[PDB]
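A single chain, nothing else alongside it, follows as C-alpha cells in the form deposited without the ligand.
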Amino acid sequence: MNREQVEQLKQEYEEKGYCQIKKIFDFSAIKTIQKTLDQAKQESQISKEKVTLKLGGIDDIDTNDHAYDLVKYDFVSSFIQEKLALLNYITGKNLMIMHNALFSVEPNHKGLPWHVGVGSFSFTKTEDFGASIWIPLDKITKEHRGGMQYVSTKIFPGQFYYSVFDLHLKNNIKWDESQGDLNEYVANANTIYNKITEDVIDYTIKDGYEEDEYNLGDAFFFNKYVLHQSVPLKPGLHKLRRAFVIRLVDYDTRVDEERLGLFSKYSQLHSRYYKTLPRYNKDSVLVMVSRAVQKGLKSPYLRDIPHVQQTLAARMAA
C-alpha cells in the first residue's frame, strides 16, 4: 500500500482502538462476498434469538440478517489472509481468522444498539485480544447513512463493560418460574448493565463518536473494546444494506470457559422456557469450542483446539 498511509492507520488504531481502511478490498472480492453470502443465506433459516442473547437478552436488536458463520474459515482466508500482514502490523499482534457474522438492516431500522465485543467474543478471555473487520456490502453515504458509529477507546474504554455484562448474565441465570416472563425479568432487572441506557451512553460520549462514509472495498477495523452501533438507513438507495464481519483473535488468545458456561446456561434456560430450537451452522466456531471444552481442554489457547490447530496455516498471515 502507500506506506505513509499504513503508518497513519497504525497510529490511529493505537489512539482510538479502530481505523477505517479505504480500498483495502477490490470490487471483485466484494462481489464474490455478495454472491457467496447471498447463496449461503438462501439455504438456512435463522432466528433473532442468538443475536439477542449475545447482547444480553435485552431485545433492542433491530436488524434483518444476523447470521453467524454462514461460510467457513477457508472461504474467508481466500480474501482475508493476504491482508493479515497489514492488520498484524497495525495492531502489533499475530492475528487468527476465527468466526464471522452477516448483518443487514432495512431502511428506518435501529439495527444494532450501542455495544462492545462482549457478545462476539464471549468464549474468550476478556483481557486477551480480539478485533473485527466490518465489510459493508452496500455503499454507506452521507445522505443515506445506514452505516455505523464508533467511539475511541480513549473516550470509552470498553473493557470495563465486560464485567458489568457478566454481572448481568449471572443475574439472568437466577431467573425463576415465580419471577414471571423470562425476557421481562431480564429486561427490568435492576442490574448495572440495565442502568447503562442510551441516554447514559450519550451523556458519556457526547459527540465523540465518529461515523464515516464507505465505498465498496472500504472496511472498518476495530478491537473488541470499541463501543459501536448501527445507524438507521434512510430510504431511497438500498432496499437493504449488508455487512459481512470477520472476527479475529491473537495467536495467544485463550478460551474463557466460565463466560462460555454462563451463556450456555442462559441460552439453555431461554430456549427451554420459550420452547425454541436454536440452530447452529455446522462448523460454527461457538459449537466447536463448546465441544472441546465439554471434552475437557488440554490447553487454554484457542490455537491448540484440535480443529483450529489443523487449519491454523490458513487462518494466519502467509
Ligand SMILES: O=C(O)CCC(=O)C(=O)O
The other form holds:
There are 2 protein chains.
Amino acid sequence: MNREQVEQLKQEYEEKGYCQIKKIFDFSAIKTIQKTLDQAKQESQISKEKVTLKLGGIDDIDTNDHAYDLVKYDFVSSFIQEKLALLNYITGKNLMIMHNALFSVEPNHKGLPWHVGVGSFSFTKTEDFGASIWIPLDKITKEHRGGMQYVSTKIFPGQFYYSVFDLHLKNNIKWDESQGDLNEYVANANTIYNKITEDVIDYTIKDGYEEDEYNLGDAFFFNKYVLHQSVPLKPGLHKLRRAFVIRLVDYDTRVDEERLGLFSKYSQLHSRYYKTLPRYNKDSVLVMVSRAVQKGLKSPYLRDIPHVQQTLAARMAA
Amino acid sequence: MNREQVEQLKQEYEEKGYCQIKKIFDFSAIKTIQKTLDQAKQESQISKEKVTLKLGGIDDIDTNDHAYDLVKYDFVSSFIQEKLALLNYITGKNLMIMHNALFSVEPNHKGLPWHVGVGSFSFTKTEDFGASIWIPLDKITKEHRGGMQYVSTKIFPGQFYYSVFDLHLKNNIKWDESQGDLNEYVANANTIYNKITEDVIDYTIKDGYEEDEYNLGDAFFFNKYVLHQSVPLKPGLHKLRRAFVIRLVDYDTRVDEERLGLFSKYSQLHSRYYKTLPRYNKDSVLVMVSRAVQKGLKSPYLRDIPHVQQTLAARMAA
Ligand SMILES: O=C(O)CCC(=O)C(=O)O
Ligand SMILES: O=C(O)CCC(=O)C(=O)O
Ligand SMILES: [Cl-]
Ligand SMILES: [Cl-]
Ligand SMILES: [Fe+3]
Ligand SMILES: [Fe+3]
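With the form deposited without the ligand already on screen, would you show the form deposited with the ligand bound?
Full complex below, order starting with the chain above.
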C-alpha cells in the first residue's frame, strides 16, 4: 500500500482499538463474497435465537440476517490471507482466521444494539486477543447510513464488559419454572448487565463515537473490546444492507472452557423451555471447539485443536 | 504456625481472594496498636471528604474515623514484618508494606458500603497486586456484629469494577458551574458506577457473602478485588469499634499516573468548589507518590520511588 497510510492505520488502531481501511478489497472480491454468501444463504434455514443468546438473551436484536459460519475457512483465506500481513502489522499480532458472520438490516431497523464482542469471542479467554474485519456488501452513505457506530477504547475500554456479561449469564442459568417465562426473567433480572441501558451508554460515551461512510471495497477493522452498534438504514437506497464479518484470533489465543460451559447451559435451558432446535452449520467453529472441549483438551491453545492445527497454514499469513 | 492450618489458609485465599487468620497477632501487639493509634488520633483533625472522594464522591459513607497514614511504615513493620512470610506464602507474592488506615463505626451506623479497593489502591495499576490486612481493635461477635461482610472473587471478580469506577471519575471531572452543586451532580450522574446500587449488588451476590466473628488478635486478609463492606454495630457492647488496616503491594507493583491524575483533579475541583483545605498526614503515601510523579518518574515501580527504595528492608519480609 502507500506506506504513509499504513502507518496512520497502525497509529489509529493503537489509539482507538479500531481503524477504517479504505479500498482494501477490490470490487471483484466483493462481488465474489456477495454471490457466494447469497448462495450459502439460500440453502439454510436460520433463526434469531443464537444471536439473541450471544448478546445475553436481551431480545433487542433487530436484524434480518444473523448467520454464523455460512462459509468455510478456505473460502475466507482465499480473499483474506493476502491481507493478514497488513493486519498483523497494524496490531503487532499474528492473526488466525477463525469464524465469520453475515448480518443484514432492512430499512428502518436498529440492527444490533451497542455491544463488545463478548458474544462473538465467547469461547476464548477475555484477555486473549480477538479482532474483526467488517466488510459491508452494500454502500454506506452519509444520507442513508445503515452502517455502524463505534467508540475508541480510550473512551470505553470494553474489557470490563466481559465480566459484567458473565455475571449476567450466570444469573440466566439460575432460572426456574417458578420464575415464569425464561425470556422475561432474563430481560428483567436486576443484573449489572441489565442496568447498562442505552441511556447509560449514551451518557458514558457522549458524542465520542465515530460513524464513517463506506464504499464497496472499504472495511472496518476492530478489536473485541470496541463498543459498537448498527445504525438504522434509511429507505430509498438499498432494500437490504449486508455485511460480512471475519473473526480473527492470535496464534496464542486460548479456549475459555468456563464461559463456553455457561453458554451451552444457557442455550440448553432456552431450547428446552421454548422447544426449539438450534441448528449449526457443519464446520461451525463453536461446534468444533465444543467437541474438542467435551473430549477433553490436551492444550489450552486454539491452534492445538486438531481441525485448526491441520488447517493452520490457510488461516495465517503466507 | 500449625502447618495444616497454613495450608488451608493458602487454599482458601486461592479460591476466594481472602482468608480470615485467627490468632495471628498477640494481645500485646493489639494493645500497642490501640494505644499508638489513640495517641496519633488525638493529635490531628480529620474530615470525611478524602474517604468520600476515594469511593467516588457518592457520600454514602457512615463511619466515625476515616484516617489515612496516622502512623509510619516503621511502626507498622514493627508488628507486621514478622508476618509477611506467611502472607507471601499464602499469596505467592513478595509483599511490601505501604499505607494504612483507621476506620471506626458507632452503634447503628452503616460504616462503609460495598466496595473493592479502587479507592485504597488508586495510585497503582489495576492489574498489579494489592491486598489488605484488616485488624479489628474491638471484638466482633455474632450478637453485636459491627464487623465486615466480604464476597469470594469466584462470585464477584472485582477487577472489572476499577474501569467502571474510572469511567465515573472521568465524568466527575467534567462538572460545570452550570451543572449545579458538585456533590449532587456526582451522585445523580447517569454513570454505570451509579447504576450499581445495593439492590443490584444484593441481586448479584445473593447470600454468597461471608461474615465472621473476630476476637482481638484475629485479622482478615484480602486482595483488592474482593467486594466488601462494614456491617452495622448493635449497641450495648462497644461505644465505638475500630479497625486498623494495612495496605500491601507486590515488589513489582507499578504506579498508575493516569488514575492518580484523575483523583487529583477531582480532589482539586471539589476543594475549590466547597472551599475546603485537604490535610494529609506528613509522610502520607499518596502525597509521597504524587511528588515523585510530579517531578517525573524514572521507573514505573513503587519500589524505585526514592523514599520507598530507602526504606525497603523494613517494608518487606526479613
Ligand atoms: O453488521 C452489523 O450491523 C453489525 C455487525 C457486528 O456487530 C460485528 O460484525 O461484530
Ligand atoms: O473497617 C471497616 O468497617 C471497613 C474497612 C475497609 O473497607 C478496608 O479496610 O478496606
Ligand atoms: Cl462483535
Ligand atoms: Cl478497600
Ligand atoms: Fe459485533
Ligand atoms: Fe475497604
